[PDB]
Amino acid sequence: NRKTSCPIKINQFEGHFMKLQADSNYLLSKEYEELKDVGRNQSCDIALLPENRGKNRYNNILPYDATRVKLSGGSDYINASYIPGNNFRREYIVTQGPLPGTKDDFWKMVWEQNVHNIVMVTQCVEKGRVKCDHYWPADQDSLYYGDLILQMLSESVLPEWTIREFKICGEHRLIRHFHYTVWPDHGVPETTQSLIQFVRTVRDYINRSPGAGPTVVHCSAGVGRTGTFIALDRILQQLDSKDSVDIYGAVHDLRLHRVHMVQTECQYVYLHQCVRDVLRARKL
């Protein structure tokens, strides 16, 4: 019944987006609403097992059984999902912000899945409410996380993001961690340029890690902000390699694999604004 893709010629995108925004977002809202039920036929029965309750930050934001990531051993559960990219079916893992009680699980996943790049698009605390544990070391001294030892080699705090490098050893690898630090507590970032430049930076590093497993992306719940980051990564790659861009199809594909991947119309609009602004700047 529903469209799975809405490709737009790059030179028609500005006017396409204007058409969507016309009349108080009349058509934009219609297109966005077509995505509403994507993926929603899937269950989350494993995440709901009593043994797993304490492992979910939010008891109503859970991975689908079909696409969840499994930890080795006899407690396999983590609140994390495999997500496709432009390039590969399991190009990302989306997860919640680790809890104090699940940070060892998070690091275990990072080790087992051969992760080399982690993207974080939440603060640990937002207006005094905890959103994510500070699940990495505070300084350069080593610490265990479960059966792994981790050392933070460097921490570089820049105006809109912070980049850390960790050395990890389990049963040695360098991991980079990209922490975007200007996402407002509510709504979308206040400029397009900030997130565009952050995504470009991360994508540069991912491209230099051709051996790596999935890129991990998280916010507090692993929901809209994470979906918006991944959708933007996918769409900007399209702008660099193709004559068409398919924001609708990117969001559709993400929603097939985890709930709330791009979760507000505002985020959907923001993705279109980013693409618009990239194309406008080109024409400089």
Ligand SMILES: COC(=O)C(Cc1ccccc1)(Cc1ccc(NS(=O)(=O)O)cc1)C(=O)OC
Given for the second form:
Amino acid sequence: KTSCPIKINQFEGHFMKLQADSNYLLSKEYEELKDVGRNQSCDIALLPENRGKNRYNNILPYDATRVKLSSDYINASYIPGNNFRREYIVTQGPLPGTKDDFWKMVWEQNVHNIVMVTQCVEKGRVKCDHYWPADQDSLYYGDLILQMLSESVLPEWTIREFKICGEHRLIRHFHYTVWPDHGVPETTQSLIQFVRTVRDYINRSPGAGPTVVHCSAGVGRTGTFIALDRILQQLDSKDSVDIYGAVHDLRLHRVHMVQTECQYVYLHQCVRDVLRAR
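Please move on to the form solved in complex with the ligand, as the form solved without the ligand is already shown.
All you get below is the one chain by itself.
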């Protein structure tokens, strides 16, 4: 199994079924995805030299799908989307000691858009280094110089633009700030409108490499972001929605994508609201 495609007109009822008896069928479903991708090794991320480069010792990219730096090690994975095979690069939240590698990756891979769906610290627990500059002052990261051009705060996300000088790119950073680790946003609408805003900018980024998405580990809130990005496009696009198949494809690429069942529920809730409203 692989893809479970649902007719738009059937989605609501189907979601109800999954929801019946304390989420019984949904629990069964989320559970079929448990073993997807589990055949794959992570030997490179385990090399001694790379140990300090992983934020979590049990969240490591598959060798088969990892992003290589042109010492080639970053904790990052290529991920297919609705449209192409290297549609996203998914990564952990940079560490103080990996932020130069992360920006080196952004530069080499031609990325114009970065989506961050973690806070750097939540309730005191560290999640992600503050790997861009505090303000308008420029900073080096390895052999790159970065300047923050602009920073617009909104209630639920902040959009920054960076200028990178390498060996003249404008990078847009999309920071959603109210997504609790291991949890889900307080509403469907907030993330639905964030994704739609991000997709709009990605749509307008002619020539861009992969979109970067990260959270803390780069699995749960990252994977939910991307599964949502994928499915909202199917909804505009198609007579079907494939949530199971989105999450399945993600898992073939990186461990634990969509990391709690409640994130999997929340995906179904978002489709349902978009479909109720239309």
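Only residues modelled in both forms are compared. If you superpose the two forms and keep the largest set of C-alpha atoms that fall within 1.5 Å, you have the rigid core. Positions refer to the first chain, counted from 1.
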item: Cα displacement of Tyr32 between the two forms, core-superposed (Å); value: 1.1
item: Core-fitted comparison between the two forms - CA shift at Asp185, Å; value: 4.2
item: Cα shift between the two forms at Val115, which is computed once both forms share a superposed rigid core (Å); value: 0.2
item: Moved residue ranges in sequence order between the two forms, Cα 2 Å or more, at least 3 long, core fit; value: 184 to 186
